[PDB]
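Taking the form deposited without the ligand, here's one chain by itself in structure tokens.
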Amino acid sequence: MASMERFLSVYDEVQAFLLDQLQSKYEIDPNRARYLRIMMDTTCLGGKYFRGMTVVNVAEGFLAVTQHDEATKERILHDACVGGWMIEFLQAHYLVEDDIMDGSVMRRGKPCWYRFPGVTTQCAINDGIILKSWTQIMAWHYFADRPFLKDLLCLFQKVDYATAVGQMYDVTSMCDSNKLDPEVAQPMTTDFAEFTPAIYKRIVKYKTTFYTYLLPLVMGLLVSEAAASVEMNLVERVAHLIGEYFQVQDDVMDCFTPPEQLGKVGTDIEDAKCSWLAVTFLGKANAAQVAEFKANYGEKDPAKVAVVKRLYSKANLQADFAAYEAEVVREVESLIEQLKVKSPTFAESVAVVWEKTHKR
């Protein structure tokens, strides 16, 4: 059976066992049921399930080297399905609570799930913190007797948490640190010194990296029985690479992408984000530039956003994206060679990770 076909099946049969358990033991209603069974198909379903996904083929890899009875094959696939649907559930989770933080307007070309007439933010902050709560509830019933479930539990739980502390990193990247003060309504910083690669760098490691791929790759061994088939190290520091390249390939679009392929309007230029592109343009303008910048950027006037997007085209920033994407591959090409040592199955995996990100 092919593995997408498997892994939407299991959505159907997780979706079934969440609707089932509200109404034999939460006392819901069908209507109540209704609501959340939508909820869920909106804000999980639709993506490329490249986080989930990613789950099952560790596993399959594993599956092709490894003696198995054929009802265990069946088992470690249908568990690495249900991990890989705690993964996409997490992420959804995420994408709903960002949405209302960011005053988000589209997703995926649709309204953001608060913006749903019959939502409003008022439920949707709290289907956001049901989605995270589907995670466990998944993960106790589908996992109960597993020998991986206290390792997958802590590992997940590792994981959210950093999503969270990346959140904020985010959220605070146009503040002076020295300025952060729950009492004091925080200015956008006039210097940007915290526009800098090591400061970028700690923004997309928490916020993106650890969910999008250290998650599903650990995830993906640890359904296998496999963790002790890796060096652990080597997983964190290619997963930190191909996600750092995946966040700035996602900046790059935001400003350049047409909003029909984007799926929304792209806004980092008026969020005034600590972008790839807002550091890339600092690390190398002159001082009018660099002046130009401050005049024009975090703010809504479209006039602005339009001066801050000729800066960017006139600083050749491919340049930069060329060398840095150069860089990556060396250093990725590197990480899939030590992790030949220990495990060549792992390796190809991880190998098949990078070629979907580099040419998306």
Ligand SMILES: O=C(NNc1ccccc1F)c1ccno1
Given for the second form:
Protein chains: 2
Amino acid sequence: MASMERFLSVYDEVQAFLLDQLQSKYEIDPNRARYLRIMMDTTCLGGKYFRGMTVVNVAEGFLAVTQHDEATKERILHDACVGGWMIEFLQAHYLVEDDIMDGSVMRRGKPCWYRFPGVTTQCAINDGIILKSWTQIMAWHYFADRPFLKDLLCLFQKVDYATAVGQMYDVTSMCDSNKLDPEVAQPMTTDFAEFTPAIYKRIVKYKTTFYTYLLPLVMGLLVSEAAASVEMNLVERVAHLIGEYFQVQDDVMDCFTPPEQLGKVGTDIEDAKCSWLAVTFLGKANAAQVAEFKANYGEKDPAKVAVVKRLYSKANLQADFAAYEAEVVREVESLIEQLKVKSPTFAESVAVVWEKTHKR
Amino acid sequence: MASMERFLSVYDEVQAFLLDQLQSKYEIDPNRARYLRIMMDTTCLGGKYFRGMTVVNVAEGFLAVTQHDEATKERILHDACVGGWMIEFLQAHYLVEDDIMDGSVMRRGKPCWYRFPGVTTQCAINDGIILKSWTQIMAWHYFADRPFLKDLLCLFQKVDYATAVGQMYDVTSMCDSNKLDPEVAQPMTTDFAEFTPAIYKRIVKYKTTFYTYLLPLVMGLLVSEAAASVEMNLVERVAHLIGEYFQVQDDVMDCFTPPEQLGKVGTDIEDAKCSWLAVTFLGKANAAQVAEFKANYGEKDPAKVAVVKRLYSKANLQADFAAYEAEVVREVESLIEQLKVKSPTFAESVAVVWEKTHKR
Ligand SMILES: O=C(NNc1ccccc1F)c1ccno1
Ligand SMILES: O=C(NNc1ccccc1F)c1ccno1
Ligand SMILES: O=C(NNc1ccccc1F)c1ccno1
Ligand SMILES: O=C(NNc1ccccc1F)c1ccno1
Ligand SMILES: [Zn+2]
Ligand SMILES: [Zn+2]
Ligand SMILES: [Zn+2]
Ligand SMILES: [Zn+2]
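Next up, the form solved in complex with the ligand in place of the form deposited without the ligand?
Following is the full complex, with the preceding chain placed first.
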């Protein structure tokens, strides 16, 4: 049984469990069960399962060096898969809700869930709430007596909140902070003074790094009963660094990666997002260039979007990405070395995570 | 210190804790902290705090008959207040999201949160997610070492999921079940065959009774270390009965209670909700009356809404409400008697809950 295959098998299992429980304990009818089945498949499946599979890969590393009965090996792999699916479902939650929040059209080359004709926003908001509720239902059922349940729930909790706070930082990233006020409609920044590397780092640390890198790595440690193999401050530092780099790539692709390849039309420019491109541009531009960015950013007009893309093309941002990238490579390698003192095995799993991020 | 005063004092405390943590652990800036402060006050305050205060009232009943050091008494009351606020915040979550889902205009005589000029739907969806995340942050902080934490989290979890499932049942209550299909836009029922007392009971049991009555009563038991004072099947049965009755009242008020008194313009008729009125009407109407309901239900046109209200006025639904009410009174009194075998104290708290529901 290949690791991916085992992971996929567990989704089927978890899905059956969740739908069967709805029938036996929540009085659900078959048509609503089918609806939620489709909802779960449409929102949870179709990606690469990087986050889930990181939990499984960390657990598999420890299994290769730790002595266990066969049935214990299976139970740990099972737990890693269930934990992996908790992460995927927590992502599915955030994607459904964020697509609604942003008025997104496509995700992964298909319509966003809320756009399905028999869904609508009125249902999709609640479908997203269900998705995250499922994470907990999975955890309490599969992990009821596990010694790691407390620690797993507490971490999951913190990560979820970090992610929501990060969404708050992302959706407000084009406003001026001193003007935020629920009573007053928010103008887009005129000065772009909050488009800095530090502010960008804050948005990305909370919105993605905690759920994409920190939670899968630490969940793999927890299901393996291995959190003492590591210095946790190091695991945090390495997650935050790899995660930021992953977002920088995503920001580049939003602007430069053909829509068919991207699975959507990127709209970061129209949306005035605080992207690595905009930050990096503003960090090297002259006065005329800053002024021209300011005249054209955060507008749906295609001519204005195409002015911004041209400023980006001309400012030679490729050079800055290479330097950014070379620095993350230094730093990631450093942290991997430090991780090796206490756990070669875990260090190597971090190496794989990094390689999968760096080459894609 | 009156119980309400103590409850309110704890909101201030919890609020300060949450905002301070955002500053020391989540890198928040003051303007965003102010935004979330206002958000928390606007979405969490202004109601009667029935649900929160039930936790405090149950705990106070047990305190009057149980021996404890003074500092233990304070700690239990504190815990009950924190637990009460977890419920209020979980409600705040559902109200913010449901107002967005339904396109609601007003709540408690003020605009729904998403309608605030500096909020918008893009922020309010995420603000609602934060609200529920706060419930967990409160629980892990205040209850970290409590022997009841596991049981409290597991219950909270189940209730939250029940509530979401109940929202799914509510928002789909005007569709025909055999036509639910994410691919196909959903027509409103033509036959109203799913407007039955049993189907109505299912919607209400999950959408409101679990979070409004079951969770406050059981949380009061948990913070008191008293879950062995009770037969839990009885607590469930009494919660589900009082809760259904509370919703029947709310359904009546949606239609008949002046908007200034209601805090909003009820739109259950326009929305084709499966309300007690519609069910009860259909359960006694003749063929001509059914046909006239069918021609006029679930339409925004005020003349059609006023036809439905007149059918309701003429069908003498007051008589049916009195009979419904007299039956709940029999049944609630019965359950209260049964609760007295194991706990007079808890029975009496249930009596107060019922009296507060029945007279309002
Ligand atoms: O292919 C899938 N399910 N089929 C399947 C998976 C595992 C084990 C046995 C199977 F029949 C799949 C992809 C995503 N989720 O499930
Ligand atoms: O990447 C560069 N700048 N922009 C940036 C840095 C850190 C985080 C976010 C950022 F946008 C760079 C390479 C060489 N000089 O600047
Ligand atoms: O009046 C409120 N806060 N003032 C307050 C409350 C308790 C203790 C001392 C106080 F100064 C209130 C209502 C809703 N939330 O807080
Ligand atoms: O209340 C009555 N019917 N309607 C109903 C009953 C239980 C739950 C939901 C309902 F709408 C009633 C009183 C006397 N005859 O019918
Ligand atoms: Zn977004
Ligand atoms: Zn992006
Ligand atoms: Zn609603
Ligand atoms: Zn209502």
